[PDB]
Amino acid sequence: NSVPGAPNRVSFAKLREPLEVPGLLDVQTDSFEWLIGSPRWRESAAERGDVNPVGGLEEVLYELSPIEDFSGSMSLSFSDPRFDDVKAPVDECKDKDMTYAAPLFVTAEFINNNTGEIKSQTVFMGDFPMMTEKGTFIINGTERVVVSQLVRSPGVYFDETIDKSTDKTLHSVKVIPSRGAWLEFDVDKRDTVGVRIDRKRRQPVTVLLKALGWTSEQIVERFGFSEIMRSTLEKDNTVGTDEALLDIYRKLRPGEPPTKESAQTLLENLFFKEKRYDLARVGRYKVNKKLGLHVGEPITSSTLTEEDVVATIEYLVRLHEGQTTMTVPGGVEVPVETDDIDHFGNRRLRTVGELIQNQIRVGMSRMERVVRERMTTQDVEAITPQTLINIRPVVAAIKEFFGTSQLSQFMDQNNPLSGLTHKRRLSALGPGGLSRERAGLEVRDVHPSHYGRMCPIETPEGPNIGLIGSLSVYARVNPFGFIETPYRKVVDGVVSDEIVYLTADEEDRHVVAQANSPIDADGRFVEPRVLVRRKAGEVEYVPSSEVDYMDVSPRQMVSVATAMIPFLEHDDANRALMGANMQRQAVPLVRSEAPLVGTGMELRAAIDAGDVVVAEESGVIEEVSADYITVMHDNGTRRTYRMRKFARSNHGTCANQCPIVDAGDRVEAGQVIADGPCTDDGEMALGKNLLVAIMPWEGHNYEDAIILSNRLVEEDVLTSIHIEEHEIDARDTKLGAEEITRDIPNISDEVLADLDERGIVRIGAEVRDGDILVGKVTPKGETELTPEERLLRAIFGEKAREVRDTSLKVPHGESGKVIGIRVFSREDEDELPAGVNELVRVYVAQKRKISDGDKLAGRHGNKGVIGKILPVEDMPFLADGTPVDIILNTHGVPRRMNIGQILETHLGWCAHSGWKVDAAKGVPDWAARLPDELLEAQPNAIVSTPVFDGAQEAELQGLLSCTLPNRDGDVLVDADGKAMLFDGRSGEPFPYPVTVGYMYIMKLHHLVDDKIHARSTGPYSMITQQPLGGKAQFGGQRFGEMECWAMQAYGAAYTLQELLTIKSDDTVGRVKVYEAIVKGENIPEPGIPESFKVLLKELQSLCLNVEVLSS
Amino acid sequence: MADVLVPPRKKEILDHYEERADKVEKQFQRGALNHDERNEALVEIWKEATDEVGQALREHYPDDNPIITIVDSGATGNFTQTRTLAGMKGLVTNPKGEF
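From first to last, the protein sequence lines stand for chains C and D. Taking PDB author numbering, the leading residue of the first sequence gets 30, the next gets one more, and so forth. Taking PDB author numbering, the leading residue of the second sequence gets 733, the next gets one more, and so forth.
Among the clues, some could well be false.
[Said to hold, decoys possible] What follows is a list of derived Cβ distance ranges for each label pair: (1) C/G52 <-> D/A764: 41 to 47 Å; (2) C/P364 <-> D/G806: 33 to 39 Å; (3) D/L746 <-> C/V894: 38 to 44 Å; (4) D/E750 <-> C/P489: 55 to 61 Å; (5) D/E830 <-> C/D113: 58 to 64 Å; (6) C/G1059 <-> D/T816: 39 to 45 Å; (7) C/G52 <-> D/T816: 37 to 43 Å; (8) C/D999 <-> D/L746: 39 to 45 Å; (9) C/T161 <-> D/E750: 41 to 47 Å.
Simulated from the structure, these hints should not be mistaken for lab results. Ideal Cβ placement from N, Cα and C applies to all residues, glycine included.
With the hints as extra help, turn the sequences into a complete structure.
The following block contains the structure:
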């Protein structure tokens, strides 16, 4: 709905969602254009936050502006950041391995104080990478995405603990700011108040308070009610600002002469001279709200105010006093609480914009250091910002960020959804966050503030559960970086349509209703007792007068990928989590059938994932061809959209884009104009609608295994194209030059047949494991030839041609056609890395079909490998003769608590055969609440159940009992949802009816051909002489410690000796074993390994005489 | 889903225990007991409700019901999973460990 060419997909939504789904890639695009200062963000600020522009780069330049020397005679202020046009379009950068960037121009200005000048220029600062339209950076030629990170927001954290030795509440504060220092005001076991400043041996308050300009009389003046502070005043043990600050300098700076002026200046230097202390905009707003110091005052002065220090002390001592609220003079009062390190009022989103700003700052500070050092060395009346600015540091910083960083990951793009979900990802395990070992187990739980700001379902199921999540559907990131959330404002018991966004703090302040509540078509609630959420996550039945906010819609708590699971509310959270994590692993099939039963998020997840061409402005198509669509935009202009037929993804999968329009169709702006890899008419389609029956059949579908018809293989229903890339470089060598040439030393003309002339294969040659994709010959020089080899060479008339062969050969088990060959060479001026005269990449590709061991899964977590692909005749067929296509198992359904698949099954059948609500006697109560034009449906008619307002079970029962017959008079599936299957193998009918239906299942990217592996003898490691590791090489499987225990427990000594001596390390023993096997002799007695001789020489190298004496 | 039968007598059981939950909440609202004791009372009342719903569910099903046939065979799955499939989920834990 609301998309011009929308598949007419009838929804079961009883409710009516007011707000549209937002610009699902705004968390990336808006952040980046905030960094730049695009006119888009300028107008967005004009709307909301028009106080002033902060252009990211701009803020960095202003804060740095100016670079003043110590003598204060010369100043430099780089200012006014500017961007040129991208050096190259996207596709060219992606093909030629260029980073998609654009230059930075900045007006530098150098000013001499004593004589008086300004030296203004336009300094090239560096080639800055640019976000594409899809929210990705093409850095280095790949497609990297910067994942948003969650980190603790700067601010004041008032927290308290208990002391089991005393049983007293001990309150405390920390003000951890950006680029500043740590400070702690604590209340200890006694009734005193430690003021530990910068990590070293506590302090009583009075020292600072006098050093802060507050006399003991003033201390009483403000802290009179504070009996604890009054007691600490009695305990002060010291009085006087000068003496107190002097003792400060003496202690905090241990042993430093406590001269007054250095101490006075040090107080500022650490806390008020902002060059060594800067709590940022985010922290400043946070603390302002906490202490309520200011409201309409612009967010500025990003440095500490002592006014806030004394307010912190007062708030802390009143918190220990047990007060409810506190009024600070000069500000509106605030309530008195503690803070948590999960509540999203204390964890913020350092989006891509802020991360790049921080890295640019790390660059700019180095630049400033170098600039000022050189300025001091440079002679005056001769220099200019061109001669001062070194732009190496900024380029180095940006490069080391985008490349070689934890938070800039290859966009996992198996299916479009995996793309749109690798964006919108929240990752707490980043530089500046926490490691997977320092991860407090309290950071992975779903604190009740996550509702509407982070999906509780979707997280990786590995050792990352909770550290990586994904944003909600409707979430929106505050300028400061706090995850806002839309709610509906209910006033005077009247629900309005004025959507208002709230952060977690105002979520705690106010009280929130539910969207599935009886609104009486006027904004009015119906029943007074209403479900509602209180501050601490509590759930309560408030009378319907104190509700001031209501949820915008159901399925607000949930991510993008999980919102695509029909009947989610029936599935358990474990299997729904699995379903969401495997809905991103489907592969693009060759046919891409839309799901028969789905949610509303199949269309909005494709038109916003970027893998579907979109008609920019209305027009009429003229030339629709498999490569280009020409649209005639009404007012004169024409535009040719170009496809990407058979383009390799970042995980080897196809990326075709075929058009869906005809030469006479009229299109509107924002319409789907061409499907992508996984799409059909614009609706995300990751798999196929396969007929499924739920009997356990002959033990082949035993313990999650799945059987298939041979129809799926034959008719190419499940079939994924995989395009693999191979690459050989003609690097220079000392002995000579490696030449990619057809001729190769021993290679005969038979194998050579494929190679054309340059050395590359011809587009289309069916290569198989061992073929010569690229023929490259490397100089070797003269080496001795064994007498025997010389004899053979002469007898058979073959000379040496010392130049040795190192041609590229297709890896084991990587057959297929050669889609295309790309040759980069230095002669063509291609900018290959130094030493590479030629780098050729060959794109082989295979049409992998479904196979025993391939992993298939539904949308409900019900994964499983393919146990056996049965022929079509030994498959339980219906009374109509139609065979079922897969057969799941029954025992996996009840104990995994995911009966969603069953409901999806039944509804699926209903949607295939089409129903006709028997409303001749009026609409039955079963459909009394069902929308119109659902009273009847057509065969193969598409339906949708939104997530949390889907098909009430009663609706499914009635629909299942109201299906129309196929072609004869034959209702194959009775009211119960089951059918009488005939055994295709034996012949007799099954004695009990069986559940059948149409379930939408996917093909996961865990194919067997990527997993099967074998080694008899292959490469060997270097330092130690073990077999190597991984499928890229041959390698073996780690016969680890636990397996050694297992075979010690059996008592198998000879096998253990084998596997640890003459299969891994016994260097002289391996060749003897191979020779004895070939000659057919007893396998030789094993020897000492090569890990009890390296040890011996190390111990005779650490000067510990380790010796072996039998006696 | 025609084979997952709900217990007819669930709504009456839930009303009977909802009255007791309401009364406990009222005795808390009138200050007769502190915050923890009412939580404990509600926990016990809803445990009783879970037991009663499970019992009614168990006595409702036939023996040839495939779900209960799978369970009482000892093939797989305890009875609680049947109780959660049909009937009542019951008490669900805190992130900290409480109910």
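A quick look at each hint next to the structure:
The supplied range of 41 to 47 Å is broken by C/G52 and D/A764, whose beta-carbon atoms lie about 54 Å from each other. Evaluation of the 33 to 39 Å hint for C/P364 and D/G806 yields a failure: the beta carbon distance comes to about 57 Å. Separated by about 42 Å at the C-beta atoms, D/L746 and C/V894 satisfy the suggested range of 38 to 44 Å. The hinted range of 55 to 61 Å is not satisfied by D/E750 and C/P489, whose Cβ atoms lie roughly 40 Å apart.
At about 60 Å, the beta-carbon gap between D/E830 and C/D113 stays in the expected band of 58 to 64 Å. Distance hint check for C/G1059 and D/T816: the Cβ-Cβ separation is about 43 Å, which falls inside the suggested range of 39 to 45 Å. Checking the proposed 37 to 43 Å range against C/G52 and D/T816 shows it holds: the Cβ atoms sit about 39 Å from each other. The hinted window of 39 to 45 Å between C/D999 and D/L746 holds, with their beta carbons roughly 42 Å apart.
Roughly 56 Å separates the CB atoms of C/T161 and D/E750, a value that falls outside the hinted 41 to 47 Å.
Consistency note: the structure conflicts with the earlier hints numbered 1, 2, 4 and 9.
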